[PDB]
Amino acid sequence: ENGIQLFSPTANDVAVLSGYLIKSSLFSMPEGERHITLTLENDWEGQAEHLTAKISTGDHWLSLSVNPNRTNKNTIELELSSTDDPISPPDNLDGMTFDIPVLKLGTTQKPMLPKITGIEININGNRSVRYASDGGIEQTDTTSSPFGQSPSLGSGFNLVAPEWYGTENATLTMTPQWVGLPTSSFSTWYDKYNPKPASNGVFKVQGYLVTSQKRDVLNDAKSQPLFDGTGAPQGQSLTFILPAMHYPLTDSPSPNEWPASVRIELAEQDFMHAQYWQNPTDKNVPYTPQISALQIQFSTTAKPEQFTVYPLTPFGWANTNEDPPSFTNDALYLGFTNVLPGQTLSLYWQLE
Amino acid sequence: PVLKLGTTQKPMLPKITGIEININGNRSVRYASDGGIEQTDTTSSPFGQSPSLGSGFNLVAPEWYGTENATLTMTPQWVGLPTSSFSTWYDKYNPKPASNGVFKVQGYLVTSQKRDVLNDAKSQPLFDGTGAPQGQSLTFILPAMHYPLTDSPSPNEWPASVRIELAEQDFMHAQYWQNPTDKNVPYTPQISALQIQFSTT
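Keeping their order, the protein sequence lines are chains A and B. Numbered according to the UniProt record's numbering, the first sequence spans residues 203 to 554. Numbered according to the UniProt record's numbering, the second sequence spans residues 303 to 503.
Just to be clear, a hint being listed does not mean it is correct.
[Said to hold, decoys possible] Calculated pairs, DSBU-like style, for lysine-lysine (alpha carbon to alpha carbon, straight line, at most 30 Å):
1. B:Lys398 x A:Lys485
2. A:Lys398 x B:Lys394
3. B:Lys306 x B:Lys406
4. B:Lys312 x A:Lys394
[Claimed, not checked] Computed far set for chain B versus chain A, every beta-carbon distance over 10 Å:
5. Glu365
6. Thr432
7. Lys485
8. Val487
[As the list claims (entries may be wrong)] So the derived list for chain A, only partly shown, Cβ under 8 Å to chain B, looks like this:
9. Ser226
10. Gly234
11. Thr254
12. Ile278
13. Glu281
14. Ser284
15. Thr285
16. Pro291
17. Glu322
18. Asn326
19. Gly327
20. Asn328
21. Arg329
22. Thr344
23. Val381
24. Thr490
To be clear, the hints were calculated from the coordinates, so they are not data collected in a lab. Ideal placement from N, C-alpha and C gives every residue a C-beta, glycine not left out.
Whole structure, please, built from the sequences with the hints as guidance.
Written out as structure tokens, the structure reads:
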């Protein structure tokens with residue numbers, strides 16, 4: 203009611219942030235520990251603590267813990283914990299409304315950041331993975347038998363996740379927590395079976411991309427060993443590379459109903475359940491694969507057409523490939539709502 | 303919640319500097335084995351009907367979340383134990399399990415990211431005594447558990463859970479099935495109730 207002195211300090215003096223607004227569809231990131239790596243065009247030397255990175259989640263600005271190491275001098279690493287709110291496209295978040303989430307990154311009183319040119323995505327966590335074997339649908343966080351109680355060649359399970367849809371040339375990593383493994387080598391355990399399975403690792407798996415039209419072979423038809431080691435078998439991770447997966451998202455819990463899914467199958471040698479039933483004497487009980495949990499890690503790289511960068515201005519963002527206006531003088535802004543172009547703006551100032 | 307404490311017409315209380323918390327009772331503990339979810343106040347088989355190495359169950363409780371360096375105590379009420387030592391009962395099994403207590407357990411903190419080993423990877427004996435086996439309590443120390451609270455009955459869906467697993471020696475169900483003669487039926491761990499006690503500072 204008393205008015206305000208022009209260009210005078212107030213209680214809400216917000217420092218001007220200079221940076222970029224990144225708009226990408228790969229920032230869905232439902233839950234888990236989330237890592238985002240940004241590749242800048244030029245080597246940038248600056249303080250890590252001076253940065254300010256926030257992600258849009260509905261109507262909230264969630265902060266990101268910047269990596270203080272700042273190694274390689276050319277990338278920025280942002281982390282999100284599993285406790286954090288799931289990331290959602292912004293909706294009336296300080297004015298902007300976008301169909302996919304945005305990343306706001308900028309700094310102040312220091313050399314500016316170069317334009318962002320590459321985005322890398324890494325997630326670990328199985329809490330949003332649809333997993334189901336031939337027997338049915340089982341939770342990846344509970345006990346399950348991935349290959350059934352009597353596995354044979356071609357038996358296996360299927361997986362799908364909303365994050366994988368829309369990506370290309372991605373990487374998927376799986377680590378199963380085995381339970382009830384023999385205390386000795388499988389060759390020692392399967393001593394009397396013919397042929398005797400020496401050199402633990404003969405159990406191989408294959409990855410398939412299953413659609414309603416056809417099946418495709420992943421990892422160039424190579425097979426990976428489930429177990430390794432000369433002594434007792436040791437569980438090891440499994441890695442697959444997915445092709446361009448551009449399919450609509452569904453909500454069916456079973457991955458089979460999805461238009462595309464990832465299927466893992468036994469490849470070379472069975473655990474000899476048929477042999478044991480053939481001659482059930484002088485042999486140990488054949489090992490039935492049992493899993494208590496299955497850890498899932500996902501990684502992908504953003505293509506140039508999957509993200510957009512906007513330069514930052516004190517009250518908005520400029521268009522792409524446009525240099526933001528430079529600050530040389532103090533500026534005052536006025537806004538009018540219900541006026542039309544070509545009309546006359548008539549104002550009265552009361553000043554001293 | 304707040305605590306109101308005071309007195310009158312007497313010397314005043316000094317300022318409170320430390321709080322210790324102790325609860326006993328399993329009526330608010332989510333307990334589930336590999337087979338499924340069972341009530342801790344009813345009959346259950348903690349390690350299933352055919353236990354092996356690594357088999358076990360999981361537990362969680364809202365009181366444990368938000369604490370740090372806490373203490374958890376469990377006392378299972380065993381049923382159908384042999385009237386003699388397990389060495390006597392498992393006389394013909396090779397190797398013969400002398401010195402009852404070879405059945406050991408391990409505690410894990412299970413999250414969606416990884417598993418962590420509790421009690422510095424030590425193992426505790428389920429039973430003790432030279433005669434008939436005697437049930438004994440099990441103690442674990444938990445790390446800083448700062449996770450949000452959920453409502454799912456199954457402890458697996460929770461962000462963090464406490465998992466107990468068999469460590470050293472099985473009850474020899476595989477040996478019995480391989481040569482089922484001149485041997486007694488192997489003991490299947492059965493529990494009528496499981497008492498739970500919690501402590502923290």
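Here's how the hints hold up against the structure:
1. B:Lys398 x A:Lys485: 20 Å, holds
2. A:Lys398 x B:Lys394: Within the cut-off at roughly 29 Å; holds.
3. B:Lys306 x B:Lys406: 45 Å, violated
4. B:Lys312 x A:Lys394: Violated - the C-alpha atoms of A:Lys394 and B:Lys312 are around 84 Å apart, more than 30 Å.
5. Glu365: Answer for B:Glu365: holds, closest chain A Cβ roughly 19 Å.
6. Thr432: Holds, since 27 Å exceeds 10 Å.
7. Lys485: At roughly 16 Å from the nearest Cβ of chain A, B:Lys485 sits farther out than 10 Å, so the non-interface label holds.
8. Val487: 17 Å, holds
9. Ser226: 25 Å, violated
10. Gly234: 6 Å, holds
11. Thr254: Since chain B brings no Cβ nearer than about 25 Å to A:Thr254, farther than 8 Å, the hint is violated.
12. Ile278: 23 Å, violated
13. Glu281: Violated - the Cβ of A:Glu281 stays beyond 8 Å from chain B, reaching only about 12 Å at its closest.
14. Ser284: 6 Å, holds
15. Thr285: Interface hint status for A:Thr285: holds (6 Å vs cutoff 8 Å).
16. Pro291: This hint is violated: A:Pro291 lies away from chain B, its Cβ roughly 23 Å from the closest one there, beyond 8 Å.
17. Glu322: 19 Å, violated
18. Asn326: 6 Å, holds
19. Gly327: 5 Å, holds
20. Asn328: 6 Å, holds
21. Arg329: 5 Å, holds
22. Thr344: 5 Å, holds
23. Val381: With a minimum Cβ separation of about 4 Å from chain B (threshold 8 Å), the hint on A:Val381 holds.
24. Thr490: 10 Å, violated
Of the numbered hints given earlier, the model fails hints 3, 4, 9, 11, 12, 13, 16, 17 and 24; all others are met.
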